[PDB]
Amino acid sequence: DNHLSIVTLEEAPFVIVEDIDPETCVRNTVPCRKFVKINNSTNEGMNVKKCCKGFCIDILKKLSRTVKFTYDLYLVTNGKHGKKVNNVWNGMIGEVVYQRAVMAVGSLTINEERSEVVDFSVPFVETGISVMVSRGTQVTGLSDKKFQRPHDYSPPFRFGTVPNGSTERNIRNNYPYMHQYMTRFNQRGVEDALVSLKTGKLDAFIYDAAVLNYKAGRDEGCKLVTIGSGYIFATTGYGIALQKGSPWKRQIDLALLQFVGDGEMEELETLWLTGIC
């Protein structure tokens, strides 16, 4: 039990996956496998061996040293971060719920409905829900009327999100009319949403605050901005999702809290989230 099964999900700059040397994972990368199907009828597949790096990856390494545990790393393939579908959890959350991963590492937002099924560590990356535009807006935020009641304009505002995450889960519970309006503007990923913003097809992109602040700081020409100059709704953070009652809950937080007072979270903050804009 000194060796743990750990699940992760790719989302720059926290978890970045690159193809391996056609032999080992070099530099600051850690070996991480990904179950890839053979075809779309058989359940048969193969674990392709890749290399993972980023903010949450080094966080895993620092905790791997201080807490003294070995691990294998694997990318989630049934979903992404996690969503309760027909009272069944998928994604990284589902991997911990059904005892296929001892802990989950990555840009895993801590919300209330997940803490009912898993145990979250201390938030080590502040995040939430922010709005990204490009550019020239006077909207206050999500509580701005234009998101609340879109059709009170002719034309209404065209804003969307990437579904099945903690962001869409929050807007559905809080704003029923806004949520059913955003469904036509749902983006398949963060890269598609940025393209839609700069091409004029999308007016605003509602997503995780930490990722938006990262993408806004690395924009060519400093055109993507988060409104409020960085305002965040439903403030929370990324957290290591563990089993409910996990005996590893006692050091991960104490060692993460150590990383804060030590001055090591600052390094990875200036290592991976240093912004040009």
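Numbering follows the first chain given and starts at 1. Heads up, when I say rigid core I mean the largest set of C-alphas that superpose within 1.5 Å between the two forms. Compared with the form deposited in another entry:
- Measuring CA movement between these two forms with the rigid core aligned, the set 67, 227, 234, 211 has one residue at 2 Å or more: 227.
- Once the rigid core is overlaid between these two forms, residue 147 counts among the residues whose Cα shifts by 2 Å or more.
- With the core held fixed, residue 198 shows a CA shift of 2 Å or greater between these two forms.
- Residue 162 shows a C-alpha shift of 2 Å or greater between these two forms [criterion: core-superposed Cα displacement of 2 Å].
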Given for the second form:
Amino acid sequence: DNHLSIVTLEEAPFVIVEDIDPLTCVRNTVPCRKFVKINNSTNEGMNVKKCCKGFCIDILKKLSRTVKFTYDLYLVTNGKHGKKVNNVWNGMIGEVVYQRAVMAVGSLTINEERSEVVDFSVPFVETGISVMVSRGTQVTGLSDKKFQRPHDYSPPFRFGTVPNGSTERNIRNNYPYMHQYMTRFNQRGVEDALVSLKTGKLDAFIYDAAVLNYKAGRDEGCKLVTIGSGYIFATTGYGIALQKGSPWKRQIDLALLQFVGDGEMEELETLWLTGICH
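Which structure goes with the form deposited in another entry, now that we have seen the form deposited in one PDB entry?
What comes next is one chain alone, with no partners or other molecules.
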């Protein structure tokens, strides 16, 4: 019937995962199960109960009330957002293409490759490839000349991203020499890149725009900033992934567009995404 399997993926502030009250899920959370492995030498595991809240979770609750459906939420055990490995998808996209989930809710970026194998709702938050620097650094966007030809400047700018994601893949195909130079400055994760900028070892960090805006808005002392949204490269958005030809796409689209038009979207973005800075 209209009881749906829904996959998600932890990424604050869009999806935040908590343990159960010792002592049912608490307040702002919904139940979300996670298949946890026993060790790394076996497929054997146990369904752990957890609690999920956040921006995208509130979206899920508003869609459930509006589009009128019930769901079993679960976190993806293998992969992150979705990557075709040897023509075989993993992550949240994998759960949809191989029909373990009828929709995927999270910080899931709409791109061309995934839209070939899944259907995406309208985007409910803008994102893209953006740049974050320390206050006082002057850069335009990804396509700035100090990124495409770093050695045209002395000293060359030090900038990198977190590899093996959509960012590194996008840069490699669009700017081969930029990707070649910036390999040396690959960051372990988002938090490591922030510390690298704060301590002066990095001059710029290229990444997901919605993530960088959230970090710059929460940064202590507000020393880290992103470029203007007008210079965001490959503009797109987070959307809900559904199965190809899914009957739910139409009602999800109109409901999502309603939330944008009646202010319910802007409310969620100040409850989850707006911070101290600006």
